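Before any questions on binding or motion, here is one chain by itself as structure tokens, the form solved without this ligand.
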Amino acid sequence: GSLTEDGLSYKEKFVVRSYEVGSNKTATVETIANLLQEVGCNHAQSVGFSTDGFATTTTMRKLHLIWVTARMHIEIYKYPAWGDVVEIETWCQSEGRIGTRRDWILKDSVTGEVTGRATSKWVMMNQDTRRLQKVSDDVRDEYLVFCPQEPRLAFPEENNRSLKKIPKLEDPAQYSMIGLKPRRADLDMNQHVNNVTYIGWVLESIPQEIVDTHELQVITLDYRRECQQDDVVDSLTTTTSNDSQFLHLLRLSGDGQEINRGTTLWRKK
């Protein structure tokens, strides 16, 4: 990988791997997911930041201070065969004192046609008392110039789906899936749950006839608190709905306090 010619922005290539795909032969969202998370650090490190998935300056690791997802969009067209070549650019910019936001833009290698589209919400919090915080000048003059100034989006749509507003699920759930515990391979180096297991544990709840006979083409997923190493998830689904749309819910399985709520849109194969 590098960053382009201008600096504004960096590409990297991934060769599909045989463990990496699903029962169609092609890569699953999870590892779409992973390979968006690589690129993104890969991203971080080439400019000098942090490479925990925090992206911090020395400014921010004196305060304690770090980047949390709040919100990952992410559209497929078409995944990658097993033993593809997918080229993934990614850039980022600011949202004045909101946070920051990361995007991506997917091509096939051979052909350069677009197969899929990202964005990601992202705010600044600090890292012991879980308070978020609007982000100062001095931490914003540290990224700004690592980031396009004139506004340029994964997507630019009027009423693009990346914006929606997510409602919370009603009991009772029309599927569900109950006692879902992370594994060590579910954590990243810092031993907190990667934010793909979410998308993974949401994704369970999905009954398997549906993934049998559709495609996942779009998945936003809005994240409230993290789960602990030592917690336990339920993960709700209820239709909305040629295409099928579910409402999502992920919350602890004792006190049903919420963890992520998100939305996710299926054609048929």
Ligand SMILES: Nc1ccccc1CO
Given for the second form:
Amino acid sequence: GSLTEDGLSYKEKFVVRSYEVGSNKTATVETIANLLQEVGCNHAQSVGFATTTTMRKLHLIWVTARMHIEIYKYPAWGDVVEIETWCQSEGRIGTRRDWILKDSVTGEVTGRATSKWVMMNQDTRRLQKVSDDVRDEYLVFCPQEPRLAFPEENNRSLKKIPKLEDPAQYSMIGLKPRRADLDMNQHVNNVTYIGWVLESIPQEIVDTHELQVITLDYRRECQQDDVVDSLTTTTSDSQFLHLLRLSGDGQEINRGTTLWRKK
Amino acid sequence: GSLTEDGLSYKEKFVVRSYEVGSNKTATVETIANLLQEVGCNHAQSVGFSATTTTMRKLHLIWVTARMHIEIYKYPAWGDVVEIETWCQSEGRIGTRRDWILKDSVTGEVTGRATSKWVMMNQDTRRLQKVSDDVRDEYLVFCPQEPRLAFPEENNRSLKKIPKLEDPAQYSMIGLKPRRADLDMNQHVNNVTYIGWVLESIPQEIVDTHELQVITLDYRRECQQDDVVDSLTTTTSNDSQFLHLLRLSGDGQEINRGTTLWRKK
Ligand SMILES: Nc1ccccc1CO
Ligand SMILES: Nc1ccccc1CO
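Other form of same protein, the form solved in complex with this ligand, not the form solved without this ligand:
Shown next: the complete complex, the earlier chain at its head.
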């Protein structure tokens, strides 16, 4: 993996591994979400970072507020997939990171993703909103002109997700993260929430459908010693509404929507 | 990745990924166990397997894991390159054995090694059977004729008998269920998930102040997609030793048993 010629985006090629594929012999959406996380990690490292020099002083971190992923074709075990990523400023609101998944052999676009990131104090978890001085540090690594993975005005990535009302049509209760679900800072990985959201999807839907779109909002972090409840309701191609909440009190940690197509 | 010059072993280099490391900034034992599984899958594919042969597919016979022993000297950090060399070996009518050697790509030193025992079984009836002569001829051409052991030692800890954990267990992790990410392409619980479940009962205090050096894990029964597991641990000892037991939360049917060894940082 390396940065592109202009240095305003990073590219990396991945070979799909045996343990990374599902029952349909193609890579899972969690494997794709892991490769997006990995390519973004190396892009940050290649430009010296995704905390900055100013951020580390005031205990500031970049957190995920929304993840939208659209897949056209899932790479089979053995295939090579090239992902191009890049960050972009969104004023005082935060930072946006986009991805383009391509076939290494044909060069066609087989998927695309977009994520909204917000500024937060690691210790108090307060929003704070992107401040002066710290914005100019990373603006130099972003294309000055708009480069959107989802350019279409008023599209799926910018839609408002409603809260699932009870009773949910489907549910997966008592979901706890393990040590493999935690990262280097002992926090639950952002991809585990995606796997938890799809646990409430009925097995029959999975077996007769392919996941085309997934939009997932991040409201609260699930701790290592927390238990999650996954809820789903058909709102329709098949569309579903999702809700992740704490098993006890019922505090909302995530909400989202998925879209599936017939095979 | 490619086979070696003689074609009696396969080599593959992996770069350690960000999501593959633990709290120590180094790759986890589950990441290592995944790379061992992946290098073995490509070695089988490079010599025309799927790891079933022509005769095994015809009789509905599969290769199952009966034991996995892994010893790590150094865990590769995020960014480091690790070269793994694997090879299969015939163990007569008992079954086959597969070994691994983990090396540093920069220095070339051995940073870990693994060994696994595999047994012949009927895919449908789940009944174990002895390896027939006609099957043994089909895979022996891809194995070194002379013994090549990753753990050659006179008294190595890979061939030791593991006892059954008696109740009450010192530590426990109750209500463990596999998810879709824990299943493979045939909807079976991945062999690495059992390792992660075994280490869930290890206290967080031990993990934070120790590094996992050895892990021996016996496979007795497969955990279904709709099954719930209970993980049990008891200290049996600078070095810390533990006894482990995975069983169904309900009836208490044993699915796994093993031992781990940890050293002080
Ligand atoms: N942001 C985000 C959210 C979910 C999954 C993966 C990523 C990449 O970091
Ligand atoms: N054999 C075995 C056992 C446990 C984990 C991984 C492997 C490799 O397939």
